[PDB]
Amino acid sequence: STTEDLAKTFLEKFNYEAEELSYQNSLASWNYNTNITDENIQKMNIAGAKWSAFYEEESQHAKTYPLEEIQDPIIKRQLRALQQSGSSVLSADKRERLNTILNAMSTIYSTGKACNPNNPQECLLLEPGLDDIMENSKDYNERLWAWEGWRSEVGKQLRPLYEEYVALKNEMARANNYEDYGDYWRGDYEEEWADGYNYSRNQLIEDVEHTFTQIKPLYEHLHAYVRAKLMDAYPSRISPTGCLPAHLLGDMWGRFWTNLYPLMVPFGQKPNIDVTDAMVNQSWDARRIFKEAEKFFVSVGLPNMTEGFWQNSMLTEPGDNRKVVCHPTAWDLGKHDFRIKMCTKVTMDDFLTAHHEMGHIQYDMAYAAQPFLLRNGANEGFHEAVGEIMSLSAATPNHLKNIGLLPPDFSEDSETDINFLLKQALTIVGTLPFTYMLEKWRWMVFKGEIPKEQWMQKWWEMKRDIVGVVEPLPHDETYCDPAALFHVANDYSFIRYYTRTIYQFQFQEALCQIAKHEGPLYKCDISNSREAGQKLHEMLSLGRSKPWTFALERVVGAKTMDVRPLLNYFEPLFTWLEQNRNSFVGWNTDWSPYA
Amino acid sequence: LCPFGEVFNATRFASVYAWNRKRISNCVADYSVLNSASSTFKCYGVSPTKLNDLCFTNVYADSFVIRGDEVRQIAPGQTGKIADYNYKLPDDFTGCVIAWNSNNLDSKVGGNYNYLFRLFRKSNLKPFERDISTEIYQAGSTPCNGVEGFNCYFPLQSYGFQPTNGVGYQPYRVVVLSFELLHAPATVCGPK
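Sequence lines, in order, name chains A and B.
With the entry's author numbering applied, the first sequence corresponds to residues 19 to 516, 518 to 614, in that order.
With the entry's author numbering applied, the second sequence corresponds to residues 335 to 368, 370 to 373, 375 to 528, in that order.
Next up, chain A with everything else stripped away, as it sits in the complex:
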């Protein structure tokens, strides 16, 4: 009469049951994704409904065991994972209302769009049209028109259902013994153990704030330089010590600053490195680039790929009548089966995407030895961090030289190296503060610190005070700008990135300090270095059995996040930035196109 043994046999049956059902569902999903049909979407719908009902029933059945009298770490963790349940406490009426509200979001967000009032006839869908306008537009009035039109067409329809959804979710979260929905979302990091391994909920926000406070000045400096370069790009148009307008960031929301690269090259005579010419000249293909990537992966000390990978993965378009989707993605079906689906071009960008996907799949086989409930990463950002560390490792001039795609007579151009580092820095350091801003706003809204009539006011105030980006026109509370992004519209957490960069820099520094590198941390190549791979193998194969704080230590040397590798990597750019000696520090953010 031991609940330990009862839960043990429960999990023993649930393992095989869930494994078989999951493999069948994943196979159906892949078959749908390769070729699209009405029959395929019918299979998708029926399988999804069957899994929803089946998992709900299994969780309800498993909810009949206690948690205060379980001793074994692993059994306790499995019981917690199975007991954590949702969408079951609510009654039928409230559940149906919530489902209808979410479906209304998912429909009207994609359905709503704006067009030109000047020319009613000429306007296309959001996907090709507005994206092309934003990526190839250089007119103040045109960009302002597109931005204002979209932001006035989406929010006025997304506001009410979103408010009702947030109220209902807050009520449910309070009913489910959590503090609120924000508390539930924050509760994805806590770990319970002894010997000083406790992890509460406030630690995450504490460390995030501590990191941002000491990381902001580099963003200030790069913002000053980018503002000066943008002034060079466009004349007599923006305040000299003000902000960057939201419509001049290359895209609607300004998630990335990748489009500003041609407007900030210090030396036109010496452009950035472009080995794409030699890539096309050598006349290789997807098979060849993937063989080179596999060779690079093997050279570190990681094992070979599976035969079924090459046997079944599709890389070159057949060109027949049936259509497919050409968006590379990482597939992990389970049952020792791994597949990829991508359409390949010969550029550095596709080189990097192929390498990143290969790293993702490598992690996937790395933690695939655990039981079904443990076939998962330590946290959300581990996969992308593991991909990006080796992406940065393989994105260096010494590597692209030592694979012999560069002429022997070429000398190491520090200017080209600085160009590449400037590009990568302008992307990375500009990516994260917006993510931290939006996640803080979402958490505050969910927990309820922001009342109804203060949504947009608080959003804009936080935007200005954190990032330093101004708006060109006034707006009222009816608009719902922060939900314009797909992740916010479709209820996806945005904290998995800012975390991911910190882990990326920490792992890069730890892995490159051991390969007996002579120069600075950057440019380090881990090729022909067995000990780094041996150290990283336990990190890759640990899985989720151990807590992530315990796991990360075995490689890093510490069990808490730190941002020292970021600064030590970006120090050369800081030393370079003598160029901007006429740059003033600080801003007021009081000049806008309203006046």
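Just so you know, these hints were derived from the structure itself, not from any lab.
Note that CB positions come from ideal geometry on N, CA and C, so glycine has one too.
Each hint should be verified, as a subset may be incorrect.
Sample of chain B residues facing chain A (criterion: CB under 8 angstroms; computed from the structure) [stated by the list, open to error]:
no. : residue
1   : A475
2   : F497
3   : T500
Please build the complex by placing chain B on the supplied structure of chain A, with the hints as guidance.
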């Protein structure tokens, strides 16, 4: 002169708990090479080349199928669900185990669930014992009244073989060549 053709080219294989057993005599095994795709040969009292210098009285040539991970468990003094509840051998086992992959012949696209193996048993199984009875297994104090679930589970469980899964889940047929030497007259000959 044996039905090695029949024992090696059997169209269907029984379940693990319902494993089959046969008796052979008056002939000799002459395996050349590589027929055990998974070069698996773990037998102790004899040698792979010296086996032709011996004769045997009793033979228990079993045949069944197992998934990829559990092929390691076919060894004396081994633990795991298969070992404790389905098939056990004593510490003095004398027989050479043959195993090979037959994914091209024993897998279908629609999914195969015709193979079963017992998962629950009250006590550790005795060597060379088969429990084909489908009696219900109980786990609690209060008695179930013919309705399953709630601390009374059905023992058996399916395999679920597919053609696209990896090697670690690919089905292999397994043959155990039991032999023993006693006062009984010689029944199996050699390459005389």
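Query raised in the report: Does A475 (chain B) meet its interface restraint, that is, does its C-beta lie within less than 8 angstroms of any C-beta in chain A?
Result: At about 6 angstroms, which falls below the 8 angstroms cut-off, the nearest Cβ of chain A leaves the hint on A475 (chain B) intact, so it holds.
Query - Closest C-beta approach of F497 (chain B) to chain A relative to 8 angstroms, hint status - result: 10 angstroms, violated
Query raised in the report: Taking 8 angstroms as the limit, does the beta-carbon of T500 (chain B) come near enough to a beta-carbon in chain A?
Result: Where the cut-off is 8 angstroms and the nearest Cβ of chain A is about 6 angstroms from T500 (chain B), the hint holds.
Hint 2 from the earlier list is the only one contradicted by this structure; the remaining hints agree with it.
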